[PDB]
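K.L.:
Dock chains E, d, c, b, a and f with the ligands against chain F, hints included.
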Amino acid sequence: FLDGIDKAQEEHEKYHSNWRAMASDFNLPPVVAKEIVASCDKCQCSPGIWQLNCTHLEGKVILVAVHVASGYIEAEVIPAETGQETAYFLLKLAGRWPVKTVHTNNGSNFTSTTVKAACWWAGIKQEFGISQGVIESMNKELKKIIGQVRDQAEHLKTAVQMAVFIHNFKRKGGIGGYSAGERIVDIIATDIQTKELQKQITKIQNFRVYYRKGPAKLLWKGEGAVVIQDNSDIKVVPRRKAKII
Amino acid sequence: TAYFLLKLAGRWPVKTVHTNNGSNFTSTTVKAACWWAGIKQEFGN
Amino acid sequence: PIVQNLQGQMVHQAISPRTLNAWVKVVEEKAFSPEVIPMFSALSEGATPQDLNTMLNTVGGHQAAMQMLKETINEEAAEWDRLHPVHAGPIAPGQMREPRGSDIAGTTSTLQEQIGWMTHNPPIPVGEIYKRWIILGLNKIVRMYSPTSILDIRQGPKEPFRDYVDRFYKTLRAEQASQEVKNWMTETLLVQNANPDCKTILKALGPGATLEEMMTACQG
Amino acid sequence: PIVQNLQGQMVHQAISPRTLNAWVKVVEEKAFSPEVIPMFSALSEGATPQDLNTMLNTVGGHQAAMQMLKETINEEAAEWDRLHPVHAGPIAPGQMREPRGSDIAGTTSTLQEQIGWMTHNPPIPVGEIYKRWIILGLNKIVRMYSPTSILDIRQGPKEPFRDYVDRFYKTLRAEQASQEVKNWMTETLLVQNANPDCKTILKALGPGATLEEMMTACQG
Amino acid sequence: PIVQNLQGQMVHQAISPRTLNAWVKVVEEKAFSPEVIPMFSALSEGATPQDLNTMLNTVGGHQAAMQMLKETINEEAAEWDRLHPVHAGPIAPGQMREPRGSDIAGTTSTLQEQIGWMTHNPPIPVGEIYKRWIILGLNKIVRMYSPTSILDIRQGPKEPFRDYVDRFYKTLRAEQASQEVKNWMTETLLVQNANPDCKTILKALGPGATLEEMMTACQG
Amino acid sequence: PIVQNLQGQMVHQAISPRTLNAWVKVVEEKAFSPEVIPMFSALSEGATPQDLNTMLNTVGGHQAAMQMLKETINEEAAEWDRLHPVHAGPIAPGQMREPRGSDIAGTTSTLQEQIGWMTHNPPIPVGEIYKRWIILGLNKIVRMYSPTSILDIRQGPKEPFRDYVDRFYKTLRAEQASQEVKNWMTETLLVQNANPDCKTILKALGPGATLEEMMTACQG
Amino acid sequence: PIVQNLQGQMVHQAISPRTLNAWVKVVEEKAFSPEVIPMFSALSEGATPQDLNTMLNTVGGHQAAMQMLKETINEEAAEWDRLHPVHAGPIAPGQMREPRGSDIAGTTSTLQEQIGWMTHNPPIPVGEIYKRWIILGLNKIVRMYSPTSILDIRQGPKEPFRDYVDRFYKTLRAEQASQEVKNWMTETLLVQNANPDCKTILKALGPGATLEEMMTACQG
Ligand SMILES: O=P(O)(O)O[C@H]1[C@H](OP(=O)(O)O)[C@@H](OP(=O)(O)O)[C@H](OP(=O)(O)O)[C@@H](OP(=O)(O)O)[C@H]1OP(=O)(O)O
Ligand SMILES: O=P(O)(O)O[C@H]1[C@H](OP(=O)(O)O)[C@@H](OP(=O)(O)O)[C@H](OP(=O)(O)O)[C@@H](OP(=O)(O)O)[C@H]1OP(=O)(O)O
Ligand SMILES: [Zn+2]
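Protein chains in written order, with the deposited numbering: chain F, 1 to 44, 56 to 141, 147 to 228, 236 to 268; chain E, 97 to 140, 144; chain d, 1 to 220; chain c, 1 to 220; chain b, 1 to 220; chain a, 1 to 220; chain f, 1 to 220.
With the rest of the complex left out, here is chain F:
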């Protein structure tokens, strides 16, 4: 806040970011951030769930992939519509992020030989036909930020990359006011630590609980409740009628 108004103005003249981003990053009250936004003439699921789609912009085809559970985006303008570039983008996004499922349509390029080879090589599950409202809203938001930044852009690729860079970091999301990158980092880190801790205790703790049936294994005991799993089915019972051995 100490002389941060000047920095906020000099960075909003270049980014045109939302008021909450300036408030959180630069430690400014929301009122002055909203005033800065107004004063600008240009402003008024599992982690593997990824959706890829094709859009048309100024006579150019663009393939854009979105992380459904975190809002992360990645777009690239394909020069000539062919499945080879679709497969190249798929393998690049696989090499940059772990993906377990693909949500695309039944297009010819989506079912290309190279795309199928790449998806089989990566072991990614394929699901044709599809939540889409979030994809459409992100598409319109990227279109409007592209329109905003096109005045200072020379080519389409640079403008698209600038829009992606602004959207993924300089835009606070929903719950908690966290950007797409923060959300995806948080969710993948939490998944990693939870799976580590879950795999850590399986070797040590092994108890057998009888209820009402069979030798089920203890999963969680406390708060007057026993949750267990038997025959790949999870059952929750009260503390009564449950013997722990």
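Treat the hints with care, since some could be wrong.
As the list claims (entries may be wrong) - Think about it this way: if two alpha-carbon atoms lie no more than 20 Å apart in a straight line, the pair counts; the simulated SDA-like pairs of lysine to any residue are: (1) c:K140 / d:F32; (2) d:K131 / c:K70; (3) F:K173 / d:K158; (4) f:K70 / a:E180; (5) F:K7 / E:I135; (6) E:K127 / c:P160; (7) d:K182 / c:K70.
Think of the hints as simulated: they come from the structure by calculation, not from any bench.
P.N.:
Only chains E, d, c, b, a and f with the ligands this time, still in chain F's reference frame:
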């Protein structure tokens, strides 16, 4: 090179970078690209 | 290649390795873009049909177009054989009869016959006829490799029209229409298929407006 | 092109692949900056109009510039036809009549006509006239391709005057005007729109001094 | 360029594209370091002033130094004209008048006049003089690109003396001054700007000693 | 540089740009190592001192070595002037006195003086003397740029003899001394500084054994 | 090197930088495989001993091989001195001193007397003798760089016979042997060391069959 640097910035947050003195690394385009993203450019660990 | 000696006589020479290396690398780098069509005539000046065949055989891959051009060469050789009456009888010393289809194709005529025909008076531009046949084959190959037509191209609502007109002319050069039709389309299509503001400015300018004034009027 | 032998005559030669490759790569890489204007004259000395036409045709992309060059060549050919009307009467043996506009453009004239005209006594500078027409076309195309004018160059507050005057001279050289007008620009506009501190320093220095004092004055 | 026939007379030839490409590449790629002074003098062993101008104006970017050298060339031409005015009166047949300032600058004189001057008896190395003029400007150009002075060089606490003395000699060579003052400063400023340990070691060796003993003591 | 002419008197020749490009490339890519000594003599055969200075100034960076070699050149020139009788006074046409200490360095002598000296009868190999002075400077600066010694190379228990003898010979060539001491060290140190197994093998082989049987016995 | 002038006589020339650069880079980067032996004989044709030793010592790396070949050159010089009687006596015009072992190595002789030997009648092929000595040394050093014997090549159970026979032939060529023993080995060893299935297949095929039958039968 500036396009690749912009892609890297769009994927991960970068604050500073150390690089050698190659001809393409000292060009005006990469200088403008790092001026945009506010990358602390250092030549020369 | 056949290069005239300095204050001497035209003597046949071997093809330089670097020229054919450049030809094959530019063929493999580009997917038979129209710009390679003039470049061919920039590399095969005064070359015997045997040299043309040797240069043609250097291509790696893209054999469908090579088969198509070979078929068109064969049919053109048949047409040349059928249109020109075949002289029969003794061969005059120092000269030779009209080349056959396989002779103009260069697959049977020896180098000595090619040299004799080149030095024959009146001149025999058999190599030039073969080069023109190859040019026609390359034109139809470019038509084969055209990814889209010209009448279906559209201009983006917010696209700067510089790239629009650039790609419009790039696609236009690939067209195999008559010159008058080309003039008509380059006068009507681009002015009738623009953005509303630029099209309004152009129709205000009226007909007979050169493309320089066309683009300077729509500058933004 | 056509090269002169050691104390000999002017003999034709095929186009060197290195020259055309360098030309096309420098055109692609350097876009349409003015510094390519001299390079063209470095790669076209003693060359036939056919060679210039081939070199213009080899470059791919930017087809609007090529179309504008073609139309300017056509109108210059019309001007040549208009200033030198169609001659009549038999031509003496060993001589060829004055080339038409199409012959100068090279669209209807074979290389043999160029060879005859170049070696004719007195020499016919058809190639030089075509080169000058291409130079005028390139001048107008680089005037067209200039991103902005010269009267709107604004110096940033934190921007040092080094790159400011560099781009000011870039736009000045990109502008086509008279030598006296350019001198007036370099005398007034360089200081009339500078940063206020440098403006005051230059006013303290006094008009009528070399720009070396200007660059050594406002350092920092 | 200007060459001599084998046991014959002097002739003029076109400029090799390779040399111009290498010159422009080496100028643009690295920097405006002092090694441009030898490199340029290694690519102009005999050429007309028009050739020098063509080699000069092809540079892309950094037009500020180009304007500096153009202004220095103009003032040198003016001073040459005022100190040695071209004598008036009749001109003897078979010769031509003395080149003017515009002639040595190459702005107005044609290539034929330059060739005639080079082959004249006695020969006029006017273009060569022009080259030396450019050299003078180039010196000032290096003064443009010196980032520091001859005194603000200091050795870091973790910086070995190798790159320290390398930078010191680089800045000394970038300095345009007398040789005697350079010798005076290289015998004194080296020890003053050195880390205390090796500084005191080399002082114990003896002041004014050559760098051989200094570097043998400063090892590690 | 200096080119021998076909049954004719020698004439001055410029330096090919590729020669300088290769020289600067090999200087930059590899640090100061003995292998640059032959390469130098492979690019400066019969070259004039001016050409030697021009190619020496082309280097970039490492100016400390350049200053050291300039100092050694100056001291060698002073010694040469002291040992040979100084010359002065007028000389008959077609002849001139021997080059001074500054003339052999090329800092005051012009190209014409060097040409006259090399074409003199009998010729004066001043260029060869300057080249051998440069060779001595290169030897001493390669000795300067050798970090490791000859008496410190050790063979590891698992280290093969191949790279051991390789580095031994690297250091042997990097060290400048008499031939006899080089033979003594290359006969004694290699066996005296090896693993015990190969040491006993070589002792069994006996003194004075050839290197081939030595290394085919130590191998394994 | 010494080259044949067009319709002229033998003329000495320096080594082009391209040839030596290509030689050193291919030697350092590709291998010490025997296929480099023809390459050398394709580069040193019509050379001089000075050029031979300059090319020999320029290449860096693997200096143990350089010392080995120097030792073999010294021993071959001793052999030449001892087998060929040394004729000591007066030297008359039309004759020069007898070639020596050190003269063949180009150590005690300079370039001009080597040229005189080349032009001397009767011709003295000292360069050819040095080249064949280098060939013998290179054969010894390529024998040194064969890590495996010829009797230890065994086909792996899962190893395809293609690369197996390829490396078998490579090691056979690298092996120093006569023609008849090579024929015996290529007739016996390959079938005596194959996989059992192809072993029985080729035994069923029987003798008197070329490698085509063996390779068509061992597939699968
Ligand atoms: O055009 P490329 O296929 O890449 O080959 C070039 C070309 O060599 P050629 O003229 O023999 O084909 C260069 O010559 P120019 O482009 O200047 O006409 C040459 O340059 P130098 O001869 O001056 O070395 C260069 O070599 P380099 O890459 O070392 O600069 C070499 O490339 P390659 O060496 O890779 O074949
Ligand atoms: O040796 P050649 O087969 O006759 O080819 C040469 C050679 O070029 P390459 O080494 O690239 O093949 C010359 O280079 P130098 O050997 O003289 O260094 C080159 O001269 P430039 O590279 O300086 O242009 C010359 O070209 P030109 O005849 O134009 O002087 C060119 O001859 P070609 O043009 O016939 O290939
Ligand atoms: Zn805004």
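K.L.:
None of the hints should be skipped; say for each whether it holds.
P.N.:
We went through each hint and held it up to the structure:
no., hint, in the structure
1, c:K140 / d:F32, "violated (31 Å)"
2, d:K131 / c:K70, "violated (25 Å)"
3, F:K173 / d:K158, "holds (15 Å)"
4, f:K70 / a:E180, "holds (16 Å)"
5, F:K7 / E:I135, "holds (16 Å)"
6, E:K127 / c:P160, "holds (15 Å)"
7, d:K182 / c:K70, "holds (15 Å)"
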